[PDB]
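Work out the full structure, taking the sequences as your base and the hints as a guide.
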Amino acid sequence: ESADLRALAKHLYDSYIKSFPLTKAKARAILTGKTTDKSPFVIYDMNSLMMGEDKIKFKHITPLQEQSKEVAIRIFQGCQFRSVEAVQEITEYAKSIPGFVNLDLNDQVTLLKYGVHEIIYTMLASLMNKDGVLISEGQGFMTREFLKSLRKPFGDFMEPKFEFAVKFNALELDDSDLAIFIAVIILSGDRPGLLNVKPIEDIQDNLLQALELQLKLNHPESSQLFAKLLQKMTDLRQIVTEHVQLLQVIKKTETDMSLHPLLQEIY
Amino acid sequence: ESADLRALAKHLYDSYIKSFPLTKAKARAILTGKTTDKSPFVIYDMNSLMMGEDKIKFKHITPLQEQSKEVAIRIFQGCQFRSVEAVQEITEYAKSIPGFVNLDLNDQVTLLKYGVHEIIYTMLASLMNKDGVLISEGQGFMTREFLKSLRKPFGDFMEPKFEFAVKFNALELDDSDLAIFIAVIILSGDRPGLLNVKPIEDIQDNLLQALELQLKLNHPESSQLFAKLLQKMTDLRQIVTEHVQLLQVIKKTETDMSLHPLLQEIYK
Ligand SMILES: Oc1ccc(/C=C/c2cc(O)cc(O)c2)cc1
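Sequence lines, in order, name chains A and B.
For what it's worth, my numbering labels the leading residue of the first sequence as 1, then goes sequentially.
For what it's worth, my numbering labels the leading residue of the second sequence as 268, then goes sequentially.
Hints may be right or wrong, so weigh each one.
[To be verified] Here are the simulated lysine to any residue pairs, SDA-like style, with alpha carbons at most 25 Å apart:
#1 B:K535 to A:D235
#2 A:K167 to B:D502
#3 B:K293 to B:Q375
#4 A:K232 to B:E352
#5 A:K216 to B:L480
#6 B:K495 to A:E201
#7 A:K198 to B:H486
#8 B:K495 to A:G193
#9 B:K535 to B:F424
[To be verified] Sample of chain A residues lacking proximity to chain B, with all beta carbon distances greater than 10 Å (derived):
#10 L5
#11 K10
#12 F41
#13 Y44
#14 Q88
#15 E89
#16 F162
#17 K216
#18 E221
#19 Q224
#20 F226
#21 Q231
#22 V244
[Claimed, not checked] Listed next, with one range per pair, are the computed distances between beta-carbon atoms:
#23 A:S68 to B:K499: 48 to 54 Å
#24 A:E254 to B:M318: 56 to 62 Å
#25 A:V197 to B:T508: 40 to 46 Å
#26 A:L64 to B:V433: 50 to 56 Å
#27 A:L262 to B:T508: 35 to 41 Å
#28 A:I61 to B:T508: 35 to 41 Å
Bear in mind the hints are in silico, worked out from the structure with no lab data behind them.
All residues carry an ideal CB built from backbone N, CA and C; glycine is no exception.
Given below as structure tokens:
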């Protein structure tokens, strides 16, 4: 019944607004969108990020550059922190989804183990555009060119993300849309190791239904947007796989150091 | 007007038929061991394969395998010819797709080139069941275990396909549905090297409305089948990957074995 889908939709939307600080309406005003009044400290050069964290309240590293731990390394360890953060936000948005907790815990844990990854790149596109990506709650904006002028490893790290974001943003979705789109992702059912897929698919079915009417009523003119949207979810599955390749090569760059232990444990 | 999408649906199901000598419906009638209208010869070991030459059309080696092109090679050079065959059949079906042969000529090629294997594995599932796959216009049937037990390199090669088939076939689609879904695969838009995407995405963003209505009518119960079907194109692209690379391997350990010219102008 239509009434339930608009309900489920509104439920998830209000829940999504509570769970995620920096939203897209927001990030879109701060970014290219004018809403000029507060604008975000820019980072384009190696002197720009140098001591840059001045304003910007960073947790982990400060403006130190002189053969003391490479800039590239300290920029990647940053994303990871944010990652660890987002995973928590998401783990909570998950509980908010109708029926999620009523499932087998083992299953709730697996759905997150694999889902947390696609949702992160999905939302990172909310804080990105062809020129750069928003950072530090929105007090930042690290240019795209600066990111590509990074060490040999890290040069392709974020490029395959700006490409996806550019395409994904062309769909022009809003937080009310991504709310449902993101639920659908989590409640996949084809994730490895699940134990009772029926339940997991009954909800996604219900979530998919809601996503459909939502895009209809919310994009009356965008012909076949539902379909194109579900397609972009394949590019996500690929961008996530390719991400562990340039990551595995990292496992073969740092290492043997006894002052890491309680850190490599966190990540 | 849902009357044009239905007329477009008819159009496609028709060429699909004219382009593929073996349909999924012909394939299932042979597999479900029940319509002994013609049954297949089941190859499952060496002796059986040796006999397969007589009972079925195998212009391949009979006696010795290892020494004179080991059995593993015999099977591959054959499965190869089957594919060049397949590509031409799909090249035909492409041309039949409205708007296709009007797009820039390079884009046509570009679409075929990447569109091919995706379609070949989607169709290869129509000939597979939890235990094997039809071969030679359906005259024969090769066992999943037989294959899964071949020389180190060739051994695995078909095992990511059988997996795809079981889950994919689960959707229980029929030939008229695979026709619209197959067109949607070629007329994509996010393919490497394309010159103009708008006129191409225009076609897909119309075939899709066709696949949607087709599925709501054809499967009034299978809910979210439209959405579930599309999500299949992901497990698809992953297969090509395993292939192309597993192909790199043989290309080096088997330097006396060739490859069909047409099957080269497609891998990148
Ligand atoms: O000695 C041999 C003689 C013939 C073959 C044929 C293999 C083959 C595999 C397919 O998927 C489709 C097909 O139509 C044929 C393999 C070994």
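Consistency of the hints with the structure:
Taking the CA atoms of B:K535 and A:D235, the gap is near 18 Å; set against the 25 Å cutoff, the hint holds. Taken as a hint, the A:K167 and B:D502 pair is honoured in the structure, with Cα atoms around 21 Å apart against an allowance of 25 Å. Note on B:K293 and B:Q375: the hinted pairing is violated, with a Cα-Cα distance of about 30 Å set against a maximum of 25 Å. Taking the CA atoms of A:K232 and B:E352, the gap is about 32 Å. The hint is violated against a cut of 25 Å.
Proposed proximity of A:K216 and B:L480 is supported: the alpha carbons are some 16 Å apart, at most 25 Å. As the CA atoms of B:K495 and A:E201 are separated by approximately 11 Å, the hinted pair is consistent with the 25 Å bound. For a cut-off of 25 Å, the pair hint linking A:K198 to B:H486 stands: about 20 Å separates their Cα positions. Using a Cα cut-off of 25 Å, the hinted pair B:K495 and A:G193 holds, with the two alpha carbons roughly 20 Å apart.
Restraint check for B:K535 and B:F424: the C-alpha separation of about 18 Å stays at or below 25 Å, so the hint holds. With a closest Cβ-Cβ approach of about 13 Å to chain B, A:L5 is found to remain outside the 10 Å limit, as its non-interface label requires. Every CB of chain B is more than 10 Å from the CB of A:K10 (nearest about 21 Å), matching its label as outside the interface. Against the 10 Å criterion, A:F41 stays outside the reach of chain B, whose nearest CB is about 35 Å from its own CB.
Residue placement check: A:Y44 keeps its beta carbon more than 10 Å from all beta carbons of chain B (closest about 30 Å). Consistency note on A:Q88: stated as away from chain B, and its beta-carbon is indeed over 10 Å from all of that chain's, at 28 Å minimum. Against chain B, the non-interface label of A:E89 holds: every CB pair exceeds 10 Å, the least being about 25 Å. The beta carbon of A:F162 sits about 16 Å from the closest Cβ of chain B, which is more than 10 Å, so the claim that it is off the interface holds.
Against chain B, the non-interface label of A:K216 holds: every CB pair exceeds 10 Å, the least being about 12 Å. With a least beta-carbon separation of about 13 Å from chain B, A:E221 lies farther than 10 Å from that chain, consistent with its non-interface assignment. Chain B draws A:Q224 into its interface by the beta-carbon criterion, the shortest separation being 5 Å against a cut-off of 10 Å. Under the 10 Å C-beta cut-off, the non-interface status given to A:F226 relative to chain B is violated; the minimum distance is some 7 Å.
Annotated as non-interface, A:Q231 brings its C-beta within 10 Å of a C-beta of chain B; the closest such distance is 6 Å. Listed as a non-interface residue, A:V244 keeps its Cβ farther than 10 Å from every Cβ of chain B; the least gap is roughly 14 Å. Between A:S68 and B:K499 the C-beta distance comes to about 50 Å, which sits within the given range of 48 to 54 Å. Take A:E254 and B:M318: their Cβ atoms lie about 59 Å apart, and the range 56 to 62 Å holds.
In this structure the hint that A:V197 and B:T508 lie 40 to 46 Å apart at CB is violated, the actual value being about 25 Å. A C-beta distance of roughly 55 Å is found between A:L64 and B:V433, which places it inside the suggested range of 50 to 56 Å. For the pair A:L262 and B:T508, the supplied restraint of 35 to 41 Å holds, since their beta-carbon distance comes to about 37 Å. A:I61 and B:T508 have their C-beta atoms about 36 Å apart, which keeps the hinted 35 to 41 Å range intact.
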